[PDB]
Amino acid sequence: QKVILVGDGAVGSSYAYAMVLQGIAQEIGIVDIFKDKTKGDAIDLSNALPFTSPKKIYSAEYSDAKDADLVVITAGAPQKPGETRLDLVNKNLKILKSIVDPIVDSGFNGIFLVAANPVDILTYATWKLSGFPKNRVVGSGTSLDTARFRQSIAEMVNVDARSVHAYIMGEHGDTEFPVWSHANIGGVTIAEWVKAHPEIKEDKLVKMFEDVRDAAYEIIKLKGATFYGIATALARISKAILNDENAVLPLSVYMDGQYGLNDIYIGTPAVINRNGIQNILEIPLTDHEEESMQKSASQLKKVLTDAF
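Just the structure of that chain by itself now, the form described as "T-state" in its entry title.
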């Protein structure tokens, strides 16, 4: 279980730490333009190993991805507060290509996990750039928000989060949405739970989603950047892949008809194991919610068209 991390910034670095404290993977190679930073990170991270399970951590080069089972791409230049997102995508595409090409050439044949924002778009870019099978290229999608969303519903309703089933689908970002109609707690629909427990106000639920959806913006405002949350979810996804888990997570997967969408990566439940996506789940959507999914995909699709 060898992982090659690409991007030793706030997200990549925190991600490796999470992997270390949580005991996921056996070998982690850190790659970043700035070599010295990663060498230091490797030594520092390694000094924490005596408190967790063993691991081998080192500053690596794209060539070291040859026998890697999972490549995590975090390195993604942030949008300047005064530029087209298209530019953000045009600058990250160059950053991206300079990463995928050299990684492919190493002989790497494992799973790609894209976390760089905008993720859905960059997952399509990675796929197109690598020429890898659709199921071997994945994006963090809306797994982090779905997790938080479930956790918040759980706290409000007071039921163990493990029994709260809800999904946030679409392009991870401003257009993502909650599948309220299908969301349920232990088998009972949120709708039925409210009818049965009026104290759980419908308006508060709605704001909660909004708070989950806008949180990354808020954090960047206060702290300047977001990383702990994304880093933890990135680790979980990494765990499901490496441990051939067959877990169901809302990832950025390749659309081929599901929800009627085609030729794009967007967020939807999916089964993921050591060989990438096994299944792409189509959750019964309300026609209204199908519009949501529709809007979200068209906006994302246009940008994808232009960029290329």
Second form
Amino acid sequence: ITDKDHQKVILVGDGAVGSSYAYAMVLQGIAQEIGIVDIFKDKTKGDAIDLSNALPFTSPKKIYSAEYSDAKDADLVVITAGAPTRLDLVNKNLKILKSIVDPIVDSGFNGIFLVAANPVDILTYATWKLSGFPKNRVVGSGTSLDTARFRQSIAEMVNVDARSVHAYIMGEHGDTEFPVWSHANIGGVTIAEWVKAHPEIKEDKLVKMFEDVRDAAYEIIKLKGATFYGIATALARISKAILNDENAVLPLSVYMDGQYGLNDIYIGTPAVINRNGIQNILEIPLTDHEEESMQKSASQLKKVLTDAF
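What would the structure be for the form described as "R-state" in its entry title, rather than the form described as "T-state" in its entry title?
Below: the lone chain, stripped of partners and molecules.
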């Protein structure tokens, strides 16, 4: 039975995101095996060696340049392989995603898909459609990183550990996402309550703070050329919640079955995740304004999915 006490991850895409993700899993000692799949075979071999060079300072792992067929007995397939009209972007990514998901399913893979490729909510739905897997075993990173960025920006404004800050970005990851100010809090004190006790914090600083979250990727790409440490860390956090069976609440792309009056899309909302994937979708009671933001995000996303399929 202890023959099972070996956690295996297949990573698809060895760009800055996949490579950083593998490094995060090395340093935190999450899983015992990482197979790295990418068209660029030389690069994945180089990365597997560079990452392996770190292992003497952490817990051991088998790290290698892998093939889709190595997903047969994987716990976790992480898809980062995303090509940069919105509908053309989707059609291009659907053909690439089919070339990933089909051979992975053909391997006998029977674990959880974790999708981080842009656009994530659409490609999460597409992964579900192509794979034939249950809804709860296809997960997208959704607004996990936007939420982390939001919490860290509040943490810095108020000089508090972001782990004591509780706020969500929800909807489709992208321009239509929105902040759930109504439930956002610091140690259980709502932002509305916090602003009353600390009125140096102007409404316009909060507006700007959400705008900086929405435009974060643009600002980072402008400064250093790409974004990767954030999403790599989020993917490793989601990976730990699955592999350690945590029943952790994370904001993820999850299948709408009536939540917020939505159906038959993947979109960002807090959910409970454990070894079996999504257990519970948390439906935060939104204000009329927040519910409208959710409906506009959903509707625009549903239109693109319909047109794409």
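Here, rigid core means the biggest group of C-alpha atoms that superpose within 1.5 Å across both forms. Positions refer to the first chain, counted from 1.
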Of 216, 161, 95, 104, the residue whose C-alpha shifts by 2 Å or more between these two forms, after superposition on the rigid core, is 161
Give the C-alpha shift of residue 188 between these two forms, in Å, after superposing the two forms on their rigid core. 2.1
For residue 202, what C-alpha shift in Å results between these two forms following superposition on the rigid core? 1.7
May I ask for the C-alpha shift of residue 118 between these two forms, in Å, based on superposition of the rigid core? 0.3
